[PDB]
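This is what each chain is made of:
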Amino acid sequence: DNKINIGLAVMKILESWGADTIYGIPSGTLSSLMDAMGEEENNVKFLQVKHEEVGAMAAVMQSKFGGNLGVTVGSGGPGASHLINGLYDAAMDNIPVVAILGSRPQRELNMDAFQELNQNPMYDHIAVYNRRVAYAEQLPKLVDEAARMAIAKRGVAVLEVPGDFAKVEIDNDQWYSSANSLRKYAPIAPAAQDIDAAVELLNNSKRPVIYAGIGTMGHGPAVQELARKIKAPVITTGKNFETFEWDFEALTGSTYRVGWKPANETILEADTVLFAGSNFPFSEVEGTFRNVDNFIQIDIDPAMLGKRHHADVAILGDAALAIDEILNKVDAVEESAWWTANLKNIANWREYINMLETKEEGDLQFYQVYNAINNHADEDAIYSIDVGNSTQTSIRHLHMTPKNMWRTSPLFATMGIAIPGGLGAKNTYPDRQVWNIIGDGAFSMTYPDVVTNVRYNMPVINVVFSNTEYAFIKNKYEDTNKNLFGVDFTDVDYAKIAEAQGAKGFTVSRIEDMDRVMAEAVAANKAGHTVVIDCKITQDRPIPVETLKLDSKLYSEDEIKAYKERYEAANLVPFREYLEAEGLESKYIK
Amino acid sequence: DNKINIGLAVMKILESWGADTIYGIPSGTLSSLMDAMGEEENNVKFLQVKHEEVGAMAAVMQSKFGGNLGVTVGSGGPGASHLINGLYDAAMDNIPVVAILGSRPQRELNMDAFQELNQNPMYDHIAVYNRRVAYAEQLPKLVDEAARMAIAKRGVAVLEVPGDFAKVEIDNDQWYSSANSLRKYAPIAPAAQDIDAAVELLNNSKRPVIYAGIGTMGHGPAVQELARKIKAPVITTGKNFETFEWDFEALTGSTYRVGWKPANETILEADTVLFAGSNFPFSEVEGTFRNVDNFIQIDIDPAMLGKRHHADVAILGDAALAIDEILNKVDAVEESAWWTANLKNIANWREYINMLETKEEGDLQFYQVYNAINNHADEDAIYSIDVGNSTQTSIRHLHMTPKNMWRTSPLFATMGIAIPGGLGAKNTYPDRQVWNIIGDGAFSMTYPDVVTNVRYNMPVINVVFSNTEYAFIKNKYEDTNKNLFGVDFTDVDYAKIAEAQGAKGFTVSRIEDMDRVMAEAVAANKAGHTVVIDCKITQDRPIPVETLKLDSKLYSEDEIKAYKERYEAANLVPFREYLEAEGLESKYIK
Amino acid sequence: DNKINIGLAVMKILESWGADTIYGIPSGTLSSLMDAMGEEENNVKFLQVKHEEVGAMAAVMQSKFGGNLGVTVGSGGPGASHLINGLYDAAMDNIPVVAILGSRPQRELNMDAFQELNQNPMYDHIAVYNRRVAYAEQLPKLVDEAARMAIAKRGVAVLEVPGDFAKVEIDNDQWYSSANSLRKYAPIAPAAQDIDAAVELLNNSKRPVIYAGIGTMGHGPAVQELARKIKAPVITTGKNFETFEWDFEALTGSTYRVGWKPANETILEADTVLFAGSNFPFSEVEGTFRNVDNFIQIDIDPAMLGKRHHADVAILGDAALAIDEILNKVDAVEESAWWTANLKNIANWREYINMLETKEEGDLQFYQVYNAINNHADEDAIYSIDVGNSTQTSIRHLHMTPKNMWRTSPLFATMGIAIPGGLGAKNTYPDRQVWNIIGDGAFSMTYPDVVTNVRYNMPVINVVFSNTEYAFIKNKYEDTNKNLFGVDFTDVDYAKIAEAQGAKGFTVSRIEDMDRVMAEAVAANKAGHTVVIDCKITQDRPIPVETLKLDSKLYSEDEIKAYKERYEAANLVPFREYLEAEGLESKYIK
Ligand SMILES: Cc1cc2nc3c(=O)[nH]c(=O)nc-3n(C[C@H](O)[C@H](O)[C@H](O)COP(=O)(O)OP(=O)(O)OC[C@H]3O[C@@H](n4cnc5c(N)ncnc54)[C@H](O)[C@@H]3O)c2cc1C
Ligand SMILES: Cc1cc2nc3c(=O)[nH]c(=O)nc-3n(C[C@H](O)[C@H](O)[C@H](O)COP(=O)(O)OP(=O)(O)OC[C@H]3O[C@@H](n4cnc5c(N)ncnc54)[C@H](O)[C@@H]3O)c2cc1C
Ligand SMILES: Cc1cc2nc3c(=O)[nH]c(=O)nc-3n(C[C@H](O)[C@H](O)[C@H](O)COP(=O)(O)OP(=O)(O)OC[C@H]3O[C@@H](n4cnc5c(N)ncnc54)[C@H](O)[C@@H]3O)c2cc1C
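Here the protein sequences come in this chain order: A, B and C. Per the working numbering: the first sequence = residues 1 to 590. Per the working numbering: the second sequence = residues 1 to 590. Per the working numbering: the third sequence = residues 1 to 590.
If you are wondering where the hints come from, they were derived from the structure by calculation, not from laboratory data.
Because identical chains cannot be distinguished in the list, a pair is counted as satisfied if it fits within a single copy or across any two copies.
DSSO-like mimics (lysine-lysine), calculated; alpha carbons at most 27 Å apart, straight line: (1) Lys-167 to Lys-482; (2) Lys-184 to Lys-307; (3) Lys-482 to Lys-50; (4) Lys-482 to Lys-564.
Okay, chain A solo, but in the shape it has when bound:
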C-alpha cells in the first residue's frame, strides 16, 4: 500500500462492481476523473457519444440487455441535464444505473460563477440516491455506495462531483469497495396456501387465461406447458414477447393498441385470469379486466399485489417457482371448447399477418420489412426497438424465441432509445447481431450518434421507417381528434447521411426489392459495417386491435366494410363467431 489518486480509486471501485464502461462526453468538469481511466491496469473504458442523452440511455439499456452496471456522465449544467430522458427511463423501468454529474470546482460553488449551479434538485424526484460530494476524500466511498444503491434499489444513483476532487491523493487504506459483499435473494418459494387457492380457481374455471409479464422471463416453456395442461390461452405484455415461441399455438399476443386481435378479444371473454409477473399499465384506464370473474396474481413485489385489479388470490414469490407448483398441482384438461375457439381465432389472425408479410410486389409497407428481417436475422439476434407506431408493431411480426432479446423504453417511452440500446447491446455482446428498429421521428432525434457505432467498431443494423409523418401520433388523431394539423415533413436522405458518417446506407421503397436489400445490408454488417436501411414506406397504419370493427353486433355493416377495406382485413373473423362455432356464447356481446 501507499498513496493513490482519488480518480483511480473511483475507477478501481467501478471495476470491482463490474461497471467497466462509462458513457458520455469529455469536459473540463469531468477531466480529473477521466484522466484516471486506464493506468495501474484498470480496465474501465470510456465510450464517447455525440449527445449525453444517448450516453445515459446506452448505460441504462446495457443493463436491460443483461449487461453490467452502466455509468453515464454529464458535464456540469447542460451535460448533466442532457441525461434526463435516459435517467427517467431507468427510474420508471427500475433499472440500476450510476450517473455522475460533473461540476465546477469546490471553490466556485455558490459563487454564481460560469456554468456553476446547484444540480441537486435536478434528479431528486426520480433518484434512489442523489448526493453532492462534500469533499474529495469521500468521493470513493460515495461512488461505491452509489453502485451498491443503484443495484439494491433497482434505480438511478446520482453523484454531483466538483471537478477538483479527483485530483486529490489519499492513503490507499482510506478507501474500499463493498462489491465483494454484493448479495441478492435467490428465487423465493410461494406460500402453499396461496398456490392451492389458485389451483382450485383454475380447476373450476370454464375460461381460464394466463396473462404473463416479464416476471415470467426465463420460464416461457413452463408457462406454455401449463397453458397446454389446463387449456388456457396465453396473453403476453408488450415487454414479454421473447418469453414465448412466436409460433406457440395458444399465444394470443398482447392487449390494447400494441397488441394482437386475439388477445384483445380473449380478455373480454375470459372468466379467470392468472396475472403472472406483470404490472400492465393500461389495466384500469382501458378497462382490460372489466369482464373477468376471478383474478389470480403472482408477483415478487408486495407493492404490486392487487394493484391493477382486485386479487382473489395473491401469490408472493418467484413466478418460476409459482408456475411450477401450479403446473404440478392442477388437473389436466383434455378437451375445451374455449381452447379450441381461441386456437382458431389465433390462426385466423396469423393468416392475416402472413398475407401482409408475404406480398410480392408494390409499394413497400413495414409488414414486408419485418418479413425480410425474419428471413435474414440470426436466431439469437438482439432487437433494440424505438417507441413509434411502426416500430412497436414489431411484436406482431418478429418471429422471436427466448434466444432473442427485445427491449425498448416501454413506460416512459422516450423517443430515440433504439440507437443507444444498440450501443449498450453491442458493448455487452460484441459477436452478436444487433438490430435497431427506428421510425423517422425517433431517428431524427438520435441519428448523429450513428457515428458512435462506426467510431467504436460496434456494427449494428439500423432499420429506419420513413413516411414523412409521426404515424402513431397522426394515426390517433383520426380518432381522438376531429382534425389533424402539422404531423408531416420533408424527405431526408438517411442513406446519404449514413454514408457521410462512415456507415453503409441503403434505400428501398418497393416490396420486390426488399429481400435483396436486406441481404446486402446484413452481409455489409457482417463485414463490420454499421448500416442504415432507409425504408421508404407507405402511410398505412397498423390495424387498430383496440377497436375491432368486425362483429356485426358491435358495429354497423358500413363500419365493418370500411374497416376491412382500410386495413386489408376482409378475412378477419370476430371471435364471437369462433366461440359460437364451438357451442359457446359471448359473455358480454348482446
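Following the hints, complete the assembly by docking chains B and C with the ligands onto the known chain A.
Below, chains B and C with the ligands without anything else, positioned relative to chain A:
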C-alpha cells in the same frame, strides 16, 4: 358572444400577448391544443422541430433576439423532459418563455398508466410559475397568467396540461386576457447623491476604466463618449460586444478566457472601475478586480449591487440615464499617459489579430473563416453563436456594431444553442441575414434540425468548425490536466449531410479557397437556401489571454519563447512595456 | 351493492388495512373525509391532538411500538406543513405511515385563493408515495395504494386531497381494497457458504465481539447463548437495549456518547466483529471500528452490506436464522482471558452506576429518578424516550428485558417525540403501563398535548427532567466550544401546568423524597390519571464515555483527577488494567 372551445381561447390569449409562434412536436397529449391553432382567424403558428430541446431553445432565443414571447411544448414525459436545456438557459439568463407540458388525460393521472407521471417536480427549481392545470375550465386563465408571469418575472412559466382539457367548451364570457393591462417600468433616474459620488471618484482617479455589461445595451455611443471625455479605456463582457463599434480606439475587449489581451492587462492595472450593467460571473473566482482601488456600480437590480465586489458607490437605475448624468457632470480630461498606453496596447493586439485573419495561403484556421465572414456579412447581420472554444472566440474577430445582434447561451452554456437561435432569429426577422456559428461538437448535438430551417423556408448560414475534437475542452486539459485521453473523433462529411437534408453544403480546408467558398455560400443563402459550410480547420487553439506569458518579470525566457512560437505571437508586447514608455509603472508587477 | 359516499369507502379501505386510528385536528379542508368516520359500522376512530406534529409523530410511533398502520392528517397549508418532523422521523426510520394533506376544493386550485397552494413539493423528497388526487372517483384507489405503498416500501405515503372529493358518491363496485392481498416475506435463510466463512473467522479469533442492532430484535436469548458459547462480549446499539436482559454478564452496552464505558473500550480492543442487524450511524465519523481486524455483517438489506465498514464476510438473511446457524456450527470456548477481562470491566461499570442510583439523600440527580422508575415499573412497561441528554442516558439505567419496549426518534432525533410516542403506545396497549421520559426542552415543545392523554383517557406517566438548560447541548459546548452563551432559562412549574390540564402533577427535588413521589405518581396513574413528575435535578452531566480520561497512558494525572472528581468516577478502572490482569496487552494503547 356564445360558446368557445378552450383550446381556441388559449390561442386567442397567446395571440393577445404577442406569442404567435409555438415551437415543438405534435403528439397525442398535445393534439387537442394544437387542433385549435388557426380557425376563427387566429394567427398563432406552429413551428415543428426535430428535437424538443431545439424547440425550447428557439422559443427562448426568439426573445433574446428581441422577438415576441416564445412558447414551447413538450409531450407528456419525454417531450417535456427534452425541454430542459432550453428552459435552464432561459432561467439563468432571465428570459421570459412559456412552456406547456402535455399530459395524459385527467382520468389517467395517478393511475400509473402509460407515459403518465407527475411532472410538477421536473422544473419546479427553475420556474417562476409551475402548475398542473386542475380542470379544463381554468386552462385559459392559467395560460394568460403564465404569459403575464413569464414576462413580469423574466423567466420560465410552466403549465402541465392534461390532454382532454382543450376539447372542452366554455361560455365566451368565462375567459379573458390580461395582455391589455401589460405595463413595464420606464427607465428610472438614478439618485443625484450617488451620481455625484461616482463623479468625484472618477475625477480623482489616475487610472479609470469602464467595465460595461449588457445593462448598457442601446447606449454604446454614450459610453464611448464618456470614455473619450475622461480618457478611460473600455472593457466589455462576452455578451456585450455589439454595443461598441468594433474599431473603437479604446475598446480593450473582455477579460478572462473568452476575451482579449488588452482588457485582461488593463483590469489588473486599473485604479477605479465603473462597473455598468454587468454581473460578470468570473469576478470572484478569477480575482478579476484584485488590484482595483475603488469600485462604482450601476444596475437596475438591487440584488446585484455590491455582488461581485465591494461597491464604494452604488447607483440604482438605468445605465443609460446614469451614463448620461455622469457624462454631463464629470471633468473633461485632455491628456492621459494611462489612456495613451492603453491605446497602444490595443493597437498591438489588433495588429496580431489582423495578421492572423489576413493570411493568404495554407491550412485553414478559424481566423480566416471569421475574416471571410467580415468581408461578406451584411452590416445588420444577426449572429447565433454556440458555446465551443472556436465559436466563442468570434468576439476577437467579428467586426460588429449596434446594428448587429450576437447571442449565445452565456451562463448555463448549453451546447447546440446556435441552430435554435437561428430559428428564433429568422422567425423574428425573415428578411435579415442570420449566421449560426457552430463547433463540430455542438453541431453534432443539433444538426438534424438543419432540416427545420429548410422545411420552413427560414434560410440561415451555418458555419461549422470541424477539427475532430472539442478544442476548448482538450485545450484546457493541457493546463488543468497532466494528461488528456478521449476528446477526438472521426471526420463526418457535414456538407453531404446538409445536402441530404435539402440544404446546400460546402467544404473548405484551405485559406486560399475561403473567400470564394464564403461568397458562394452567401449567394446560395440569398437564393433562399439554408447553407452549411464545413470548415475543416487546424488543431490550433486561440491564444490564452487569461495566462499571457509575455512579461519577462512574470515568466521565463523559455516560457515566453514557447508561448510566442505556439500562438504566432512574436509581436505581442506586454502591457507593462507600454505603461513604462509613457512614464508609468506597473502597480502589481514586481 | 348500490351507491356509497367516497369518504366512507376511504374509511372502509383504511379499516381493511388495520388503520383504525386517524390522528390530527378537524378543519374545513378535511371535514368531508372526517364526516364519514363512523356510520355503516365503520370502526375508524379520530384522535384529536393540539398540534399536528404530535399527530404525525403519534401515528408513526404507533407502528414503532408494534401497533397498526397509522394515519395522520394535516389541513391544507399550515396543518400539512406541521406534520414535517413526524414524517421526516418516519422516513429516516423506515416506518410506514399514511399522511393525508387536506386542500381547498378542486375549483380553487391554482387560483391563488385563500390558504390554497401546491403542496406536492412539500414532502416529495422523503416520501415513498406523493400524489395530489386528480378527481374524486379515484380517491379510494389512491388511499388503498398509499396504505399498500407505506407498508411495502416501509415509509411515508402522502396524498393531497381536495376538500370537495369525499362528498362525492360512487357505485359500490367502483372501489376495492387490496388489503386482502397483503403478503410479506418470511425470514429468509442465509447462504451456508457465508455462514461457514463467518464461523471460521469466529473460531480463529482471539478477541471476538458481537455488535447487535435491532435486526436481532426477538432473538436476544440466542445472541446471549452465542456470546456465552464462544465467549464473545456483546455490544448493542442505542435502539436495541431491550433485546438483552439488562443484567446479562457480558453486556458491555453501546458505543459513543449514548453508551457505556465497557462497550467503548471493548470495540477498540476487539479483533473480530460480528455486526448483526445494525446500521450504526457513528461508525465512520467516530472511527468506531478503526482497530478491528475482521468484520462480519448480517443483514436482510443488500444496501447495508459493507456500508459501515469493509465486510470480510457478508451474510444476507434474517439475523435470527443466521445467529442460529452460527451458534450451531461454531466451536464452544471454555475459557478466555478476553472474556474474563471484559466481564470484570462490565462489573466495574455496574458498580459505578449502582452507586449513583442508590444514593440516599441530597439534591436530586437523574440517576435516582431512574432508580425509582426501576423500583416501581411493571415488568412489561413501555418507554417512550425523548432525545435530550438526560433522557437518552436512560439506557445506562433502565433494567429492561424483551418484555419492555423502548422507542425514541433515534436518527432524525426530533425533540418532542416522547408525548406522541406515549399516545401511540397507549392507543395500541390500553392496559399497559406507559412512560414518557422527557427533558424540559423537549417537554416545552409538546406539553400542551398532555391534555390529549387526559381527554382520551389514555393515562401515561410523564417524567420531566428540569434543570434550566439543554444539558446535552450545553454539555457538548464545554468541549467543541471554547465558550457557551445562551442555553438556560427560567423555572416553569410543570406540575401546576399539568393540574391546569386535568392531569396530576408532582414536584420533587430531593433524593430522599424520590421513592415516595414515584410511588404516588404510579398509584395515581393506576387510578386512571395522566401524571407529570417535575423532577428538579442538578446541572450534573452524564459521564462522557466517548472520552474516558482514566488510562494513565492516554491522559495526564491532572486530567484523570479532574475527570474522576467531576463525574464521581474515582472507582472506574481503565479497561487496559483488566486486560493486563489477565495476561493480555492493549492492541492500540502505547
Ligand atoms: C408507444 C408504446 C405503446 C405500448 N403499447 C402497449 C400495448 O398496447 N399493450 C401492452 O401490453 N404493452 C404496451 N406497451 C408496453 C407497456 O407500456 C408496458 O411497459 C408493458 O406492458 C409492461 O409489461 P410487463 O407487465 O411485462 O412488465 P412490468 O411493467 O415491467 O412489470 C413486471 C412485473 O413483474 C414482477 N416480477 C419481476 N420479476 C419477477 C419474478 N421473478 N417473479 C414474479 N414477478 C416478478 C415485477 O415486480 C413487476 O410487477 C407499449 C409501450 C410503448 C412505448
Ligand atoms: C464557454 C463560454 C465562455 C465564456 N467566457 C467569457 C469570458 O472569458 N469573459 C467574459 O466576459 N464572458 C465570458 N462568457 C460570457 C459570461 O459567462 C457571461 O455570461 C457574461 O460575461 C455576462 O455579461 P454581462 O455582465 O454583460 O451581463 P449579465 O450577466 O446578463 O448581467 C447584466 C446586468 O445588467 C443589469 N441591467 C440590465 N438592464 C439594465 C439597465 N437598463 N440599466 C442598468 N443595469 C441593467 C442586470 O440587472 C444585470 O446585473 C463566456 C460564456 C461561455 C458560454
Ligand atoms: C441524541 C441521540 C444520541 C444517540 N447516541 C447514540 C450513541 O452514542 N450510540 C448508539 O449506539 N446510538 C446512539 N443513538 C441511536 C443511534 O443514532 C442509532 O439510531 C442507532 O444506534 C441505530 O441502531 P441499530 O443499528 O440497531 O438499527 P438501525 O439503524 O435501525 O439499523 C437496523 C439494521 O438491521 C437490519 N435488519 C432489520 N431487520 C433485520 C432482520 N430480521 N435480520 C437482519 N437484519 C435486519 C436493517 O436492514 C438495518 O440495516 C442516539 C440517538 C439520539 C437521538
